[PDB]
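Okay, structure first, notes after.
The complex is shown incomplete by one protein chain, all other protein chains being positioned as in the whole.
Should a chain be cited, it is by its letter among A, B, C, D and E, assigned in written order, with residues numbered from 1 in that chain.
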């Protein structure tokens, strides 16, 4: 008669690593790294992202006519933009402090576009003629829908003194621009005056723009340049515009509704018609694991990102052969 | 007859955590996290901080008349500034490269203010008239005590060509400014000339300022703007001033005495009449623990900051019930 | 008769540390920290560094006449520059966005200098007279060899309209400059015209420079200033130059050949006539250890840098006395 | 492993003990079979469960990368940003992999220790009236019958 | 715990042993009482003291936050600065908490091991001439008197 002490074995094939020994076969293990995703861009908690498609954040906000799909956008959970969007800045130029605007945008879930200066105003200056073939719409020469390229009337460009008060509760994103023609003759033709300026003022802003004339490479057949500026107009503040030419003027501005949690994610994917609690630029995650190795940049209730290919904890004991 | 092996128990109630087990009661333990402070701002090793009270670093240095308490300040250990100081920049504007100056200041323990250009000079221009109601002192219209707002004399503003040599051993912080009036008429009234400039030069600096005229919101009833600049004038170098209007001119500058270890800490607290070897924005620490969890930003001989609520090491053994 | 169990001892004197015990003598140990270097600057994998000696990256690229040694440099593995090179910017001034250029350079192994605008051109303006005594060569007044200081011809400075096309495959680093004279009289003397500009344009660049006149300290006996700018001209793009004075003009530009792995290391050492697979600013490393404590900044197949003075692993057991 | 029982003096585990991590195999005139030791198995379950929860919790405050953009002449700061984000991810990857490696070893050893302590508990009870075979088993001097076997398992023997 | 003595085969500690961490309880015709084993207690004190000092020292080169300010149009760098400072603090918080957790376990186990080794030392001396009870105690075959007891404690018995 005999009694023995012993321990469990099973048919487990699960393996774990230790400092002194790799691939130890154990009776039980818990994998803690999520390695799978669904390859789609999804709603986050019921809330659809803003998918820019072929538009840039600049093209969207300025109202590139190629970006009509985004004329009026509902609340988003996050924004998706391609690495190299074709529809950006149809008329060549720069967008001043663009990255600081992108950054500001990553902490915004809703815009509400309101008109601040009507096109059917500017009795002194021509508003319907500021159009280029580089910004086409339906085969016709058009232009950024949210700003008005003002041209002389009857060969006159009288000094402009216009202003807008922010009656709204909400902070207002306001965009304007300046045109840099490429020679002395273009200046007179667009604007009678030879030496011009645009001055912009609020309580914090003390701006004076001056067009920089020079010959430059044709970009999409154009030698002129646009340069766009923006400010955040605090509620109850007023913006003062003064110019005698080259003024690309606000028609519409954006009310900042939401101030939600957000990011601009870079992805080539399109909408996937799904819902998730955790989104990556490569696909969504549905997991209760504490780690994942999909992509560093996520949004939602997400596991922690590591670069491992494998994270498996022993729970059971060394399985005997 | 019988002999036994055993181990100590006691009435200890001290508890420690392990990976596999929380709240193990042990016979002895050493707590290593300082959790207490005294809630006061104190001298560091005998050396009183500079407590700005309601003044900003800008208000203090420019000499806002509301900041007379800081006309002449002794060596400090560190500087304390509120989150939103009311007495900053009494006449609206900006302070150029302010944060890079704040940064420079965090490595300075002593200033010594010397006069570099006397008010009782400027025979050509009016010095006693550059005063505003937005910068009051004793019910009267006054202005930043360290700079002189120069105005025309007998409707004349002759070109200024003034310079100062740094005879001192010590680096010199020099501050000047430019006034941005809000229309053509203010320009002539303050300064006869229509188109003006301020040019500043040292061995490294090649500056030319030009006033930006424009209409802007009334801030504290004012539409003008001041914009202040600074430089660090090396010893034996000279600064060259040239202007025909809008020049806000140096009267006093700061000798950089000490170059001590320091910080600008943000705190709403006032002086506590105490001494310490370790100061936080929330209170001082007196501890021999290696860690604390009070605030990340400290000065002095301090424990290391962690975010834990509890750090207790076992020294003794598992206390039996 | 007797059998015993036991373990090895030896004459080892090797010591390791543990949490509970310092300097335990062990029978065997493996040291894992490389503590030695050779004190020399060496070729990396057969490829000689560019050792600037007494020249700065600016002096080299602009072609300071004191930097002739670097007229034509072969492929380098890395670049070495002293902390404070004497031969930088012989005529006083600034180099605009210098650090962003240095950064760009750290990802470049080979330049190939080509002529883009010939000196024996500029029929309208004098090219052979733009020379200073602050930039001497062989006892004579000279100037940066890669740019041409253009002066008036017969008291005439006609507007310049010059351009260059990048026919090459390779990106082209192009450098130009502007001269800031120190008074009205110097302007006329060098250039007839009183109010001048330099305008530069490519597909991305929209520049207009204007000379800032002012009195400033004599630096190496000079009150004028040079300010140098650069751009990276994409292949098939063109750069447009327009100026009526103060133009310091491109003669030579750099073809970007290699786009190799690199750094600018700061070292006072000179070439050591050796080869290595791992270089530090203080000397080269030849080791199979995984760690070293020489210097943080290395290039090549290097061990990992730690701040330890000692890293020794036990392999054997506690050696008995 | 460290404690010498698992795949040491006890050569391998039991496919036939299905209801626990550690237990007993008995063999006598009436028959033979396996019985899990419920108390030590349960102690082990708690320890291992707590460990997994401790590991997860300590790692729920890792670094979260944030999208951040820069222009053509902000290369230095872009690179700074990149090396910072990657720096943290490398630290946390290392932290996670190492904790798993080290704790995996502690778990294997803990099991080994639980088995050795269970073995010693029985050796201390049995004392003289059984022969210690050297392989995990004790061979009784006296006949041992199911209720005798039960008293060894329940700790109330002799 | 791992070594099976503390709250294992020795069921609980001694309120009455006041002068040391580990020791002996004797009981014979002349009386009964406790004696700390000074050598193992002192070894344990050194180990634990060194450990605390090692832990403090390794952690005296943690990251120190520095005040740093930014304007309205330097948001990206401000945020970078914030996530960097918090990143380090999270790493060091984790490092500190984990080291404490792991070393707390090593300390409990070390005590357990010290007790087991002291027990084995006496078992190895006593050998045959005492009955190993299974609870930390040995019951002598021969009468054992204070000086006999002393020789067990001082390691010079038989």
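The criterion applied here is as follows: a contact is a pair of C-beta atoms (placed from the backbone, for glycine too) under 8 Å apart; a residue touches a chain by one contact, two chains touch by 3 or more.
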item: Residues from chain D at the interface with the omitted partner, ascending; value: 2-4, 8-9, 76-77, 79-80, 83-84, 87, 90-91, 93-94, 97-98, 101-102, 132, 134
item: Sites on chain C contacted by the missing partner chain, in the whole complex; value: 1-11, 16-20, 24, 26-27, 30, 32, 98-99, 102-103, 106, 263-266, 290-291, 296-298, 304-308, 311-321
item: Absent chain, residues of chain E that touch it; value: 3, 54, 58-59, 61-63, 66, 68-70, 77, 80-81, 84, 88, 91-92, 95, 99, 102, 109-110, 113, 116-117, 120-121, 124-125, 127
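The rule is simple: only the chains that are shown with their structure count from here on.
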item: Equivalent-chain rotation between chain E and chain D, CA atoms, steps of 5 degrees; value: 120
item: Comparison of C-E and C-D (more C-beta pairs in contact); value: C-E
item: Inter-chain centre distance, chain A versus chain C - centres from mean C-alpha coordinates, in Å; value: 36
item: Residue list for chain B, restricted to those that touch at least two other chains; value: 19-20
item: Multi-chain contact residues (two or more partners), chain D; value: 48, 54-55, 59, 62, 66, 68-70, 74, 92, 102-103, 110
